[PDB]
Amino acid sequence: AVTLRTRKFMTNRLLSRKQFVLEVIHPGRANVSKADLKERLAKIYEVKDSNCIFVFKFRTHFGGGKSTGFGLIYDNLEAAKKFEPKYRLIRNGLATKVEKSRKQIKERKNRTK
Amino acid sequence: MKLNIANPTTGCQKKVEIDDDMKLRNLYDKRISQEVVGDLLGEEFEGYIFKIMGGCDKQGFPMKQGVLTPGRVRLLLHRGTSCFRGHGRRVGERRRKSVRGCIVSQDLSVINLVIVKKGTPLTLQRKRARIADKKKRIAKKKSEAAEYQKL
Amino acid sequence: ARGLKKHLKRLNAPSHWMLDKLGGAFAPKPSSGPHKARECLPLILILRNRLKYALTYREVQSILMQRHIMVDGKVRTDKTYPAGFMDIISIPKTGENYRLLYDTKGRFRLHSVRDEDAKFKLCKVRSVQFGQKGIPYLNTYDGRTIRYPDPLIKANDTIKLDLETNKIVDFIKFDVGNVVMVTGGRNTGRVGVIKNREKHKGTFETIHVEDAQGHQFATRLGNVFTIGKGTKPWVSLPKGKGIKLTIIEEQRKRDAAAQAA
RNA sequence: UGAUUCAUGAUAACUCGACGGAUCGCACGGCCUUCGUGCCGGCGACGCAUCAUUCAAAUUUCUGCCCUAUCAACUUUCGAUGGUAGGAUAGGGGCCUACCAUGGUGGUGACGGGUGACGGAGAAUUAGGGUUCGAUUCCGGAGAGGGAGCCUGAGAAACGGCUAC
RNA sequence: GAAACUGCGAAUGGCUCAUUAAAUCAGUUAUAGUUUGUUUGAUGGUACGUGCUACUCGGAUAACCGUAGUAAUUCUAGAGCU
Ligand SMILES: [Mg+2]
Ligand SMILES: [Mg+2]
Ligand SMILES: [Mg+2]
Ligand SMILES: [Mg+2]
Ligand SMILES: [Mg+2]
Ligand SMILES: [Mg+2]
Ligand SMILES: [Mg+2]
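Those sequence lines, one after another, are chains ba, gb and ja.
Residue numbering for the first sequence follows the entry's author numbering, beginning at 9 and increasing consecutively.
According to the entry's author numbering, the residues represented by the second sequence are 1 to 119, 185 to 216, in order.
Residue numbering for the third sequence follows the entry's author numbering, beginning at 2 and increasing consecutively.
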């Protein structure tokens with residue numbers, strides 16, 4: 009029996025997203041996982057694609073039952089490809105990460121040619 | 001001592017080895033960029049007119065054109081020239097390298113020689194656009210200068 | 002040190018940028034530009050910190066490299082551009098125009114304007130003198146240079162410039178009795194009518210201005226700026242019509258706004 | 001302009017003149033003069049030089065710094081203070097040179113010495129006044145083991161640049 | 001498009017307080033006594049033809065290929081290319 013209300017809501021068709029702060033009310037429940045927020049927020053806004061959403065920066069206030077966060081309704085998944093930081097696409101599975109070992113990455117490579 | 005021969009006429013190069021004084025005596029006491037007749041320097045180099053040019057020694061320090069001493073002297077150099085192409089060396093920088101003199105002498109290791117003798186519509190559009198832009202600039206001159214004049 | 006300083010630290014930033022203290026070590030460091038660069042606002046402050054169309058440095062970079070953000074008739078993709086006083090910042094995709102003015106407490110507001118009062122800007126002149134071949138030209142505090150000046154336009158004056166004809170259409174002669182608004186110091190933001198102007202040989206000229214409702218003050222010449230001839234301005238003033246109100250008065254406004262609801 | 005032989009113009013010349021575009025992108029798209037990518041043409045990228053702006057720098061005016069008189073004279077032949085002429089600098093200037101003058105600072109503390117002394121915003125304590133501190137994340141200066149000298153460059157006497165001791 | 005040429009930045013950042021007591025520094029001036037890549041804005045005739053409308057297009061160089069010295073280092077000579 010948990011609800012979801014959003015404020016500070018503003019549209020930017022410079023980057024064509026719908027950016028807002030969400031103020032979920034989740035009493036009794038410990039906290040509501042973002043993967044579960046996704047489909048509710050999709051089914052209220054009728055986005056036709058529950059993947060343009062990206063939600064981040066939650067707190068779960070002292071005393072519990074009330075949590076803040078940011079939400080970004082993109083309108084085109086193409087727009088969310090180009091206009092987005094990589095890390096949270098990687099988080100939602102839309103890109104993958106690689107590991108570094110910085111020796112010879114540039115230094116002893118600068119020596120030969 | 002060991003000599004590189006390369007040819008510019010064809011484009012092939014190999015290396016050989018001489019160890020006879022009365023052959024290399026006429027190789028000695030020459031500067032860089034002078035021809036040497038190979039008849040004496042080897043019976044199978046008749047007609048071939050070598051040119052001694054370049055070459056280094058052991059300890060790897062080359063000779064440099066213009067320095068006349070059978071010795072390893074230290075010089076302040078400029079990058080990109082002979083004997084110094086210090087890569088990624090902060091253009092304008094100089095180093096004091098060690099070099100050999102220009103006259104061949106005893107302590108060398110390898111000597112380099114060569115042989116002298118073997119025995185759009187886009188562009189058109191840019192031109193005419195430049196012309197048009199300048200000829201409209203001058204009309205702007207004659208328009209607004211006189212417009213200010215008549216006051 | 003041994004050259005130009007290319008980093009700016011947040012505490013060293015101008016006080017009217019409003020930007021917080023634990024927000025980082027560095028500030029946008031407005032690039033060299035057409036306005037005094039201590040009296041300016043980077044377009045990154047215009048976008049991220051005021052309008053919030055983005056949330057990061059890189060998202061503001063996306064904003065500007067999209068070529069949407071157009072300033073003063075021509076798009077400026079620099080992310081530290083020193084936009085300042087009566088620069089007009091337009092956005093075609095939002096069809097939305099802004100003009101940058103001081104508000105009475107010494108800071109910068111983005112006052113919306115419609116297209117007709119966004120087709121042109123308004124700026125003061127630094128000085129008018131001759132150039133090569135005897136052609137006169139004048140210099141503005143926006144840096145702009147205009148050749149063949151109207152033989153009456155003189156120094157310290159104000160001039161309107163359209164963004165298509167890109168020249169003068171009219172000019173306010175800086176003189177006694179025309180509405181001004183100070184652009185620097187503690188009196189900055191306050192509009193008012195010049196009531197006196199006294200000159201002392203070899204020093205800054207002092208301008209005594211009266212606000213629309215009785216208060217009087219003084220200012221140096223480099224800080225004042227005529228807007229319109231007479232009392233009427235030729236620009237849309239912000240929500241406070243250029244009257245700086247005493248702290249007691251502004252407390253009463255908020256008390257009355259509380260007791261009205 | 002507060003103030004100029006200023007801004008600037010005309011003239012006579014002068015330079016072995018730095019310069020005054022042999023550069024690179026797409027989108028094509030009106031119409032035949034020889035119907036011939038044909039007459040053509042826009043939007044940019046870079047770049048040369050001048051002025052202004054800006055980022056600055058470098059000089060620079062006035063007033064202000066701790067203890068010490070068991071530090072009362074210091075400066076000046078070899079730059080001390082000034083003048084003239086010049087040289088050099090981006091530029092003023094003893095910055096330097098030639099000549100001339102005999103000046104400059106001081107009991108209102110110069111010069112000298114100490115500083116376990118970078119300066120400031122400031123820190124601790126505080127009835128008031130004060131006392132002591134401030135290497136340190138903000139600003140300015142100075143150094144990159146100690147000195148000295150230079151290349152490139154708009155910007156360096158650079159040291160995560162070079163040369164010598 | 002990797003390598004490379006060219007251009008630009010590396011003169012910022014950062015660290016420390018050794019030297020330095022009208023010196024640096026603070027407040028306040030001044031540059032009409034100066035330089036300033038860049039930004040931004042404006043700006044630019046004659047290159048020779050006896051001022052009577054432009055008149056001609058150069059190789060070499062790196063990366064590459066190849067032969068090498070040096071025990072050696074973004075040490076280093078030479079040939080062939082573009
Ligand atoms: Mg520094
Ligand atoms: Mg002199
Ligand atoms: Mg000390
Ligand atoms: Mg510091
Ligand atoms: Mg240094
Ligand atoms: Mg040094
Ligand atoms: Mg180091």
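These are calculated hints, taken from the structure and not from any lab test.
Check each hint, because a few of them may be wrong.
[What the hints assert, rightly or not] Below, computed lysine to any residue pairings styled on SDA-like, alpha-carbon distance capped at 25 Å:
1) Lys199(gb) x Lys161(ja)
2) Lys97(gb) x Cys56(gb)
3) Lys7(ja) x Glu212(gb)
4) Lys106(ja) x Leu5(ja)
5) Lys42(ba) x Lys134(ja)
6) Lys174(ja) x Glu212(gb)
7) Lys37(ja) x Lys106(ja)
8) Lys215(gb) x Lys106(ja)
9) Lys94(ja) x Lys42(ba)
10) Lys233(ja) x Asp171(ja)
11) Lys117(ba) x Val91(gb)
12) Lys200(gb) x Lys134(ja)
13) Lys206(gb) x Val236(ja)
14) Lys51(ba) x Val40(ba)
15) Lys205(gb) x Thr146(ja)
16) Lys16(ba) x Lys174(ja)
17) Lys75(ja) x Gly54(gb)
18) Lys196(ja) x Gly132(ja)
19) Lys51(ba) x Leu80(ba)
20) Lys53(ja) x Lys106(ja)
21) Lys117(ba) x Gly92(gb)
22) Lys205(gb) x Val114(ja)
23) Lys65(ba) x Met19(ja)
24) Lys16(ba) x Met19(ja)
25) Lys14(gb) x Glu44(gb)
26) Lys205(gb) x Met19(ja)
27) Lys206(gb) x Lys161(ja)
Going down the list of hints, with the structure as the test:
| no. | hint | verdict |
| --- | --- | --- |
| 1 | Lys199(gb) x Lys161(ja) | 29 Å, violated |
| 2 | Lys97(gb) x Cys56(gb) | 14 Å, holds |
| 3 | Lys7(ja) x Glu212(gb) | 45 Å, violated |
| 4 | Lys106(ja) x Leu5(ja) | 32 Å, violated |
| 5 | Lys42(ba) x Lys134(ja) | 72 Å, violated |
| 6 | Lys174(ja) x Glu212(gb) | 22 Å, holds |
| 7 | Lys37(ja) x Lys106(ja) | 20 Å, holds |
| 8 | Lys215(gb) x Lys106(ja) | 47 Å, violated |
| 9 | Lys94(ja) x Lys42(ba) | 32 Å, violated |
| 10 | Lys233(ja) x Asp171(ja) | 15 Å, holds |
| 11 | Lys117(ba) x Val91(gb) | 20 Å, holds |
| 12 | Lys200(gb) x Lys134(ja) | 20 Å, holds |
| 13 | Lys206(gb) x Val236(ja) | 33 Å, violated |
| 14 | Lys51(ba) x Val40(ba) | 16 Å, holds |
| 15 | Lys205(gb) x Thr146(ja) | 17 Å, holds |
| 16 | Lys16(ba) x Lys174(ja) | 46 Å, violated |
| 17 | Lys75(ja) x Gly54(gb) | 60 Å, violated |
| 18 | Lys196(ja) x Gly132(ja) | 35 Å, violated |
| 19 | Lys51(ba) x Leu80(ba) | 15 Å, holds |
| 20 | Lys53(ja) x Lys106(ja) | 22 Å, holds |
| 21 | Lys117(ba) x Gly92(gb) | 24 Å, holds |
| 22 | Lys205(gb) x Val114(ja) | 33 Å, violated |
| 23 | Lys65(ba) x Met19(ja) | 24 Å, holds |
| 24 | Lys16(ba) x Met19(ja) | 20 Å, holds |
| 25 | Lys14(gb) x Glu44(gb) | 15 Å, holds |
| 26 | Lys205(gb) x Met19(ja) | 46 Å, violated |
| 27 | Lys206(gb) x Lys161(ja) | 22 Å, holds |
Checked against the numbered hints given earlier, the structure breaks hints 1, 3, 4, 5, 8, 9, 13, 16, 17, 18, 22, 26 and satisfies all the rest.
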